[PDB]
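Quick heads-up: it's one chain on its own, the form solved without the named molecule, in structure tokens.
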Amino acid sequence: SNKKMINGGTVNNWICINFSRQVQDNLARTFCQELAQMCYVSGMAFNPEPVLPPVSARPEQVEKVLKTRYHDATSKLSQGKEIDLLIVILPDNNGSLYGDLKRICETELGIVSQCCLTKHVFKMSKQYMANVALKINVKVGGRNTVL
């Protein structure tokens, strides 16, 4: 058997930031739509729409774009609600960006993040999406089976 969800978590509010120059806005949107669908049919509560549309940004601006987008999205929520997930599209070879982004999200914004490399975003394979959904589920407090 493959791993599956036991308890699906909840992602009611999420956003996407893209850092790859090969990824146009509608590809980021489509990728996130398909990932959201996979998360839902696997057993999560997962909003099919993000709080804000995807934004594309330069890696060098990572701190500022994360903080600005976090603030803008959070401000759009009903009072007291918080962002559950940031989906980040990253260049395949991104140097210090991955580590910088995880530090900022974990220790400054306090938001769960799921990174997805450009090469996988183009393909949107079922198996890839299923694995990412499993990872998101654990990060937001869900529980998966073990092999």
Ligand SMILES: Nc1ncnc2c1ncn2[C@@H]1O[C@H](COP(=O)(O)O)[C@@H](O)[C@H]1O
Given for the second form:
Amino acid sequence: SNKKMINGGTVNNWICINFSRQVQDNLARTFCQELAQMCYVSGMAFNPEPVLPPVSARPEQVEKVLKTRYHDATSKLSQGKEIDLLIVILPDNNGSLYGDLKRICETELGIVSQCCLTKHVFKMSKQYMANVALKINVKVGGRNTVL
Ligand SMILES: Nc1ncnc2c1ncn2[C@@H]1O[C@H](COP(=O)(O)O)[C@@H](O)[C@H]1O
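Here we have the form solved without the named molecule; I need the corresponding form deposited with the named molecule bound.
Next comes the full complex, and the chain you just saw is listed first.
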């Protein structure tokens, strides 16, 4: 048996930020749509549409992009509702970007984040998507089986 979801969590509001210059807006959109679909059919409640469309940014502006997009997306929500997930597309080799991203999301924004490498965005295999869905589920409070 492969791992599966026991309890699916809920992602009603999410956004995507892209840091890869190899990824156009539409590919970020398509990738997120496939991931959202996998999360759903695996047992999550998962909004097929993001709060805002994907934005592309330079790694050098990680702090400003995250804080700005967080603000803009949150302000679009019904009062008191919050962003459940940030999906980040990252270059395969990204140096300090991953750690900067995680520090900002964990300790300043308080937002769950899921990083996805460019190599997987181009491939977009079902097995990858299923694995990432499992990771997202745990992060938002769901529960998965053990092997
Ligand atoms: N510096 C890094 N440390 C760990 N994982 C990384 C790093 N840069 C990119 N990744 C990718 O981050 C993915 C998981 O992201 P996340 O669950 O949000 O921690 C893995 O598939 C890694 O290949």
